[PDB]
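Protein chains: 2
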Amino acid sequence: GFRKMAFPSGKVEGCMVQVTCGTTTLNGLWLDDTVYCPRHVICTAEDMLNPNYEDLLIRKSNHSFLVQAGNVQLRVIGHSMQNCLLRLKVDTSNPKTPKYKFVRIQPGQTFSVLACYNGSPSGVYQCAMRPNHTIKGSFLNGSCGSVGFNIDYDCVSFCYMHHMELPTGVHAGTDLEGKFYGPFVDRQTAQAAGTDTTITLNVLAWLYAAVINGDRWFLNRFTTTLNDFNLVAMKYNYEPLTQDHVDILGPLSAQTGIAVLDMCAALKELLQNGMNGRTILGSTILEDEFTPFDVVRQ
Amino acid sequence: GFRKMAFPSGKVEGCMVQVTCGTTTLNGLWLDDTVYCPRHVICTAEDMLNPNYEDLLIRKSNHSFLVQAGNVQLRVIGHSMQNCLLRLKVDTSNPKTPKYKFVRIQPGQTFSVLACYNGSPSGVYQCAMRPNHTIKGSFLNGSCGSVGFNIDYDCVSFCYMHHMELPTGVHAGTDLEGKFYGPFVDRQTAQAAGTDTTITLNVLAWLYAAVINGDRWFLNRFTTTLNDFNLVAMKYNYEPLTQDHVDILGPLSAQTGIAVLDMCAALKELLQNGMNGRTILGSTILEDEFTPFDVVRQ
Ligand SMILES: CC(C)=CC[C@@H](O)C1=CC(=O)c2c(O)ccc(O)c2C1=O
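Protein sequences, first through last, are from chains A and B. The first sequence begins at 2 in the authors' numbering and counts up one residue at a time. The second sequence begins at 2 in the authors' numbering and counts up one residue at a time.
Quick caveat, the hints were computed from the structure, so don't treat them as lab data. Ideal Cβ positions, reconstructed from N, Cα and C, are used throughout, including at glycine. Don't take each hint at face value.
To be verified - Derived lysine-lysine pairs resembling DSBU-like cross-links, with alpha carbons at most 35 Å apart:
#1 B:137 with A:90
#2 B:97 with B:137
#3 A:97 with B:236
#4 B:100 with B:90
#5 A:102 with B:97
#6 A:102 with B:100
#7 A:137 with A:90
#8 B:90 with B:137
#9 B:180 with A:100
As the list claims (entries may be wrong) - Some, not all, of what chain A presents toward chain B, calculated at C-beta under 8 Å:
#10 15
#11 115
#12 118
#13 126
#14 143
#15 179
#16 183
#17 186
With the hints as constraints, model all of the structure from the sequences given.
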């Protein structure tokens, strides 16, 4: 019916390399003459938790990093740390380098993840930054260093690099300057995320997507006020609806002919009465990983 | 996390071109010195109710087919018809043509789609060939010619070229020898998909995935022979389970320690009693597009 879709991963695939330090291997992002990767690559198994990364990095030289762009190795001619990433400088500059930016995405926003194993892509999927700054994603053995990204025109916006799996099975990582999302650190200690909540803006945008594809069964004649809806929102572990949230949904309400607060009344009913086993857009759950901008695109 | 993942699209992206014929444009696949696309490109509205493709093709010349690979125009140096496909021969040979195969997938199997819009890749998703030989896919105006595929090693197995949407909203098309999946024809016609059965192999795999994830409320201790299960399944429009399917579930059995026929005895009760409420991996309907292979990957 209507699908989660990932951006075409090709401009990213050509930047994926394999970084090995000592006995540890993960994925790196080769842009221009610089390779990014998680700094955890300099950690022997003995160093997890009680890791002082500045200490471990002063003892390494350029030769202790082996970069492999597919089969060809690249000469590492410099190295520095930035927050939780390593910046490896290499002799040759990636000819496949796309037009690109580094962006720190906000919670609620979505992006595509290219899952990699030792520098070779394996799969692609779409996900969202959860409000608790984790991502409920899929990262298996050797997935460390895979990047999340969006594409606009010819320009790749890299927003995420994977680092680790939390005890809850959800994932933690940084932007491409090495700053984590949320309260996490790259140490072997157990860490909890904050209590998650459902992305209200994305549920409403997703309700509009159904109305567009001829799914109107959940609509009603009623309506709420902003604060009236938010009190059902808090009761149900949903993000409060900001006044600008309404303004983002503006164009979607026009295309459908449903005032934003009317769609809220519909959502208010949906949350309090269940769905009676019916399905919206094909799902039996209120889906919160499509953005307004996602819905207009697809 | 358990998500639908699509293969890295890039090896296919570098093969997508834009075939134009008359006032009508669609997507084509550029491998070596020949380009494949639906023969429907040579029709018009006035020549579409019951077209004779041999007459329409004899009336075309090499110079009738504008082939654009991005900015570069390629000049048709030949043209033939293979079933419901056209094979245009072109001056230039694709520098990006990867190791490939042409492949005819069985119903139940999955593949990735690169949805394109006039030569430009737009998005990637995963889906499954249905038992009725349709695809519950996502194809807007312009996506004709987009191709489905799997990747094993660095070899692309092409297996679908999109052609039409049926009145159900699902989609029909051909392998890369032009032979349609199912009984469909590329005339405009009163055709509609047959009754769609559920992929029992993939529902069983979904149930194993859920046992691995946490919920096993649906397990019971009844037993069932293969035959008495297939009889119940067919009354509910579920595919009968073959003996080969039972072997394919070997790894997921044993790993859970559940025994295939016992998971069938569970499904049998889900079919005969439903779920008056209870959820499975968050939903109240049984996913049937996740293969045993997708589950053993996590
Ligand atoms: C399971 C344990 C309690 C947590 C392990 C953690 O110490 C860790 C493991 C890891 O494999 C890893 C990478 O592979 C890549 C980056 C990166 O930060 C990391 C990590 O922080």
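Hints versus structure:
no. : hint             : in the structure
1   : B:137 with A:90  : 46 Å, violated
2   : B:97 with B:137  : 30 Å, holds
3   : A:97 with B:236  : 55 Å, violated
4   : B:100 with B:90  : 19 Å, holds
5   : A:102 with B:97  : 26 Å, holds
6   : A:102 with B:100 : 32 Å, holds
7   : A:137 with A:90  : 32 Å, holds
8   : B:90 with B:137  : 32 Å, holds
9   : B:180 with A:100 : 40 Å, violated
10  : 15               : 7 Å, holds
11  : 115              : 7 Å, holds
12  : 118              : 11 Å, violated
13  : 126              : 5 Å, holds
14  : 143              : 13 Å, violated
15  : 179              : 24 Å, violated
16  : 183              : 17 Å, violated
17  : 186              : 22 Å, violated
Consistency with the previously given hints fails for numbers 1, 3, 9, 12, 14, 15, 16 and 17, ordered from lowest to highest.
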